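Chains shown are a subset, placed as in the full complex.
Naming follows writing order (A, B, C and D), and every chain is counted from residue 1.
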Amino acid sequence: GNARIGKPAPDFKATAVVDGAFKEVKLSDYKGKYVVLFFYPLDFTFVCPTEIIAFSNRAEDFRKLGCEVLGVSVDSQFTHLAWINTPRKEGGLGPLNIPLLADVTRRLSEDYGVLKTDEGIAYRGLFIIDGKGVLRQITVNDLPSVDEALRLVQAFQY
Amino acid sequence: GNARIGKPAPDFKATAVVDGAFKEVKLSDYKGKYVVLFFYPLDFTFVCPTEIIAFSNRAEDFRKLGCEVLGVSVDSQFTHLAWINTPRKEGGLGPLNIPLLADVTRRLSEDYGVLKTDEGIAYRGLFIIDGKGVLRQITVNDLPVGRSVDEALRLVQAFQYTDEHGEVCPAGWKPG
Amino acid sequence: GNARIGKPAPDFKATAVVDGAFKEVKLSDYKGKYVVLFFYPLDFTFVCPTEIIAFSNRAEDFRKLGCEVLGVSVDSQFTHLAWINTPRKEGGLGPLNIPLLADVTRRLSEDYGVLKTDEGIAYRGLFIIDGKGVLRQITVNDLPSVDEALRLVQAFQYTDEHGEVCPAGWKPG
Amino acid sequence: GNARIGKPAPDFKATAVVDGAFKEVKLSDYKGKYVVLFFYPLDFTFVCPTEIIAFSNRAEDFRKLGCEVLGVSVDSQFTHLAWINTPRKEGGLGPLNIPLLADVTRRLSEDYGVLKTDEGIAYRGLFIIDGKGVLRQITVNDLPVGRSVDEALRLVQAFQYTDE
């Protein structure tokens, strides 16, 4: 894809579930703040969404560092909302303190280089963008990390 | 895309939810049977899923005609299953007696010509495939209506009746 | 071609046979009314014209719903007129209560995505357009359903006075 | 298009009405014979007289010159047959001694340079092909009425005199 350390981070625009409702979210809304953008594969799987819950737990920890967190999968906003409104006993996520972006066109995952072209889903990926829109960190792998994410958003301010 | 009237239907294979379990589905599995293949854009929306409820309820009526009914969206099999397991009053589908196929790669939708490349979801499209794998009818709709299930069943009958007992024609018309 | 479901139907203008005379019909003539636009391959074949007879028989039924039925092949208006003026005994249509549009340039069939380019004739397509000129249904068919398109023109109108049927106990989230 | 004086005439293959029956016709069928190939815009036009009748009536005279006459329009063979079998009272042609070729794909008209592209129908065109497949005459115009069978007979003569 188009993600390059030290260059303006690839721009993005998506419908998110932000507190039970739908909002267009775009990178330019976060001018002057850090952004952790993380990608994950699929809503509603049988794997513990440790990752998503951890981030949502620590989200105010990130907000005190001047940093919003954004989750992304290829699922629609209608599926994110449903997944949030399902409780963790029937499988779901419960309420959530971070947007979940819908990447139904798959252009965000493509722009960021994390699209598993064979399967149409995102790798687990994490990107840190600074208050000026500059991509400062790239991380990509496979099976299921929030602590290092916080290390890093401090580090770039230390 | 690749869907051509009167030609072999574009091939497909997909993971589906079937009586609450994950199963792989491919067109060749249906050789010898008629197939109604219909697409819809998204699970879990606020549009009422009358089309899907109707086919599910009528599915034994299709099967009596040796026809299998398959539904498709770009959502994953995990999402389909979550939708099926969600109550109708919470916006869900409830139990269902037809496969729902996951087309997460968007290839089924591209092959059949119904992908809105903007947005990345299918148009509401419906395809009738006979027992030889030949594509015999294409329909696209703007929104659902449910006694369009009734139209699918009539066509399946019509196609099978034409395949044998000739083809209808008003009285008092002759050729040359 | 250019036909997009839920979008302004492609514009058309053609010469049609109407009441046994020629008339220039165009899309804009029909704003505020429903159009069932259907394509077929050729006039004067040995294939019984089932759908066209039926459409003309049910023509008033359609107009009693604010719907205009228009037929289309790549044959000229002269061949269409000749075809209507041929009695069904002898392979013709007899008199006819729907326009037949001439698509000699093949631009209508191209525009509506139903030109079978190898042969220069149209597939058997049916399009349903509404009073705003938005295309609301596309159907393409191997072989020759007139009652069906009639049923559909209503259920697109009770989807505007009433608002989509929906089973009992289905509510959104 | 591809038609050029003194060169091979562009090849052609089409479905024709030949004595009320459909039949494939191709240029190769006529090697060793002259061909008059005429194009006309539209079946069932009655605003003006048709040349098809005169060519049919004179077919034998062309045949005495070793020459086959072929008509072409973009109408289908079904339309060609309906026009033949239409009563003369209502403009029918009646039976014909020459083939009428269907150019529904418009490839014949395109290849011969006579497609009126804004309308999808052929201009009125007349081509004369010698027995070796070589194009010897081009005439094209946009008139609403044939022009002449007689001058096509003359030309066929003149070319065969110049051959010897």
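Observations
Convention: contacts are C-beta pairs under 8 Å (C-beta built on N, C-alpha and C of every residue); 3 or more make two chains touch, one makes a residue touch a chain.
Depicted are 4 of the identical subunits; the complete assembly encoded in this structure file consists of 10 such copies.
In this section, only the chains that are shown with their structure count from here on.
With respect to chain A, maximal separation of chain centres occurs for D (centres as means of Cα atoms).
Centre-to-centre, using mean CA coordinates, chain C is 35 Å away from chain D.
Rounded to whole angstrom, the centroid-to-centroid distance between chain A and chain C, based on C-alpha atoms, equals 49 Å.
With each centre defined as the average position of its C-alpha atoms, the distance from chain B to chain D rounds to 50 Å. Within chain A, the positions touching two or more other chains are listed as 81-82, 85.
The residues of chain A lying in touch with chain B in their complex are 42-46, 74-76, 78-79, 81-83, 85-86, 90-91, 104-106, 118-121.
Contacts from chain B toward chain C in the complex involve residues 5-6, 44-46, 48-50, 53, 88-91, 123-124, 136-147, 151, 154, 162, 167-170, 172-176.
Contacts from chain A toward chain C in the complex involve residues 81-82, 85.
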